[PDB]
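Undergrad: As a plain string of letters, each chain reads:
Number of protein chains: 4
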Amino acid sequence: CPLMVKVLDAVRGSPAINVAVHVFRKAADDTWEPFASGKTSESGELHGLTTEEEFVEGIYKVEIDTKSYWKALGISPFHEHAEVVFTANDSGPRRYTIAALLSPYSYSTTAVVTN
Amino acid sequence: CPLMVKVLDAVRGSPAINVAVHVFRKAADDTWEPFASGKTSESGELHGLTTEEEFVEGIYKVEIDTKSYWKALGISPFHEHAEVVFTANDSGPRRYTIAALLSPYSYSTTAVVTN
Amino acid sequence: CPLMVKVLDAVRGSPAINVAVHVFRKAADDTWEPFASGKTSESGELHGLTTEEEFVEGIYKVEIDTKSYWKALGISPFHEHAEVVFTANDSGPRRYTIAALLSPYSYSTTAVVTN
Amino acid sequence: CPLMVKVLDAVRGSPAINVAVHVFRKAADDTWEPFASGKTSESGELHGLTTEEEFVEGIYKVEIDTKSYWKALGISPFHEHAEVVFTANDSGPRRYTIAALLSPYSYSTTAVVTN
Ligand SMILES: O=Cc1ccc(Oc2ccccc2)c(O)c1
Ligand SMILES: O=Cc1ccc(Oc2ccccc2)c(O)c1
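Chains as they are written, first to last, in the authors' numbering: chain B, 10 to 124; chain A, 10 to 124; chain A', 10 to 124; chain B', 10 to 124. A prime marks a further copy of an entry chain.
Extracted from the complex, chain B is given alone in its bound form:
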């Protein structure tokens, strides 16, 4: 599990459950191609998106559908989604955790990169 996504809700102080997540990888032709997708679990975590074999050097985009999330809680949020864009696996393979903390008009994202 070289790529993991974790989402917290800053209004409720709890994991953000059932948040859709789509990952894309920048193609040879500069296009965003579909790489992996998942929903967060009761702990707000999404494991198993990829494998170290699949997850090669590349520019990746992790899209967290925060608008759907807030709307289901009756909140009409500012952002369409949270987008995280980064180069992965230059120094060789690493483990990436992409965290986001969500509020209706604000979010933050941090990466924790290992080995």
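In short, the hints are calculated from the structure, not lab data.
Just to be clear, a hint being listed does not mean it is correct.
Stated by the list, open to error - Just some of the chain A' residues that point at chain B', by a computed CB distance under 10 Å: (1) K76; (2) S77; (3) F87; (4) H88; (5) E89; (6) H90; (7) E92; (8) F95; (9) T96; (10) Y105; (11) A108; (12) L110; (13) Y116.
Said to hold, decoys possible - Using 27 Å as the maximum straight-line C-alpha spacing, the simulated BS3-like pairs for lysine-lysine come out as follows: (14) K48/B - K76/B; (15) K15/A' - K48/A'; (16) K76/A' - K70/B'; (17) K48/A' - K15/A; (18) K80/B' - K76/A; (19) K70/B - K15/A; (20) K15/A - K76/B; (21) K80/B - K80/A'; (22) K76/B' - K48/B'; (23) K15/A' - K15/A; (24) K70/B - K76/A.
Heads up, the beta-carbon is just placed ideally off N, CA and C, and yes, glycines get one too.
Given chain B's structure and the hints, the job is docking chains A, A' and B' with the ligands onto it.
TA: Just chains A, A' and B' with the ligands, lined up with the frame of chain B:
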């Protein structure tokens, strides 16, 4: 100024100066078209991006070139850029201020919508 | 104004208005003594807290009454208040801006030190 | 383990290791009395501070010594420490995770509260 961008640097505790900012508007074929751009001023702000006449309802993307900012300071950054995607919507006469606070492996962004 | 405070609301995407702010200076017996206070303005800002003559080097604490702010909006908050503790130090002629971005279970704060 | 503390470094994108943490509990006489203390582990987490028997209703202060942390990395940071102040265990016992994300001039803190 219906739309303003403000960037701060969390490592140095200062406005983030000379950061390039590109704004796009989503067009009918779901493609991003270039709408407005500039670089932040000594105060970390970018004013004069658009006019009320131009700024119509629609989905906009604001892209903050964080990677180049960190590179020109010698600091190894994680993200390619910071992205903010939102729907501008009447109701109204709102000023949108898109603010962002930058660290090498983390950013936050918030929208302040007034008047 | 050598010291300014600025608060934003991440749930509503607006300045945080009428938030009480207390500033203290640490005295010789390691006790906090009341230095300056006020409430944020319609723009979420609090100016005029001190003067350059008064603001000498020392350890200061800035306490933002977040709990009362959330309660007057009906939202159940986690923190009693947000606290910022720092050493003011010459080098210099700096303006200190203490900014804070508020959610019910989360806050961030940043210092912007200029001139 | 009803109280856990987790600290991330936003400059390095890694857990913040060996960060001292002190917890206080507000006494009957309005004084902050010493409750528990610990250092974060290689994962940036601090477990075992207290027990559900010990950890009664109260107002608590979690002090994270961020200045020592940054100074050991050669950074002279803005803040003396991060202070998190909250009422614990009104609805009966809960599980509290206090997270902080650190930068030299900025930090954020979020609580995740369970059961
Ligand atoms: O403290 C956390 C934090 C505080 C404020 C921020 O944005 C602004 C900074 C200064 C003025 C207005 C907004 C922000 O992005 C993060
Ligand atoms: O303090 C602000 C803050 C703290 C933690 C965060 O991510 C995590 C939350 C809990 C555990 C681990 C990481 C975060 O995104 C913001």
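Undergrad: Each hint: holds or not?
TA: Right, here's what the structure says about each hint:
Checking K76/A' against chain B' by beta carbon gives a least distance of about 9 Å; that is within 10 Å, so the hint holds. With a least beta-carbon distance of about 14 Å to chain B', the hint placing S77/A' at the interface is violated under the 10 Å criterion. For the restraint placing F87/A' at the interface with chain B', the shortest Cβ-Cβ distance is roughly 5 Å, inside the 10 Å limit, so the hint holds. The restraint placing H88/A' at the interface with chain B' holds, with a minimum CB-CB distance near 5 Å, inside the 10 Å limit.
Hint status for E89/A' relative to chain B': holds, with the closest Cβ pair at about 4 Å, below 10 Å. Taken as an interface hint, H90/A' checks out: its beta carbon lies about 6 Å from the nearest beta carbon of chain B', inside 10 Å. A least Cβ separation of about 4 Å between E92/A' and chain B' falls short of the 10 Å threshold, and the interface hint therefore holds. Using the Cβ-Cβ criterion of 10 Å, the hint placing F95/A' at the interface with chain B' is satisfied: the shortest such distance is roughly 5 Å.
Taken as an interface hint, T96/A' checks out: its beta carbon lies about 6 Å from the nearest beta carbon of chain B', inside 10 Å. Because the beta carbon of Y105/A' sits about 9 Å from the nearest beta carbon in chain B', less than 10 Å, this interface hint is met. The interface hint given for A108/A' holds, since its Cβ lies 9 Å from the closest Cβ of chain B', which is under the 10 Å cut-off. For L110/A', the interface hint holds, since its Cβ comes within 10 Å of a Cβ in chain B'; the closest pair sits about 8 Å apart.
For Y116/A', the interface hint holds, the least distance from its beta-carbon to any beta-carbon of chain B' being 7 Å, beneath 10 Å. The hinted pair formed by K48/B and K76/B meets the criterion: a straight-line CA distance of about 14 Å does not exceed 27 Å. Distance restraint check for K15/A' and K48/A': the Cα-Cα separation of roughly 10 Å lies within the 27 Å cut-off, and the hinted pair is therefore satisfied. Under the criterion of a C-alpha separation no larger than 27 Å, the hint pairing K76/A' with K70/B' is consistent with the structure, at around 15 Å.
Taking the CA atoms of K48/A' and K15/A, the gap is near 24 Å; set against the 27 Å cutoff, the hint holds. Proposed proximity of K80/B' and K76/A is supported: the alpha carbons are some 26 Å apart, at most 27 Å. Note on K70/B and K15/A: the hinted pairing holds, with a Cα-Cα distance of about 24 Å set against a maximum of 27 Å. A threshold of 27 Å between alpha carbons decides the hint, and for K15/A with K76/B the separation of about 23 Å falls inside it, so the pair holds.
The suggested pairing of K80/B with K80/A' holds, with an alpha-carbon distance near 23 Å, which does not exceed 27 Å. Straight-line distance between C-alpha atoms of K76/B' and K48/B' comes to about 14 Å, which keeps the hinted pair within the 27 Å bound. For a cut-off of 27 Å, the pair hint linking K15/A' to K15/A stands: about 14 Å separates their Cα positions. A hinted pair counts as satisfied when its Cα atoms are at most 27 Å apart, and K70/B with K76/A qualifies at roughly 15 Å.
Hint 2 from the list above is the single one not met by this structure.
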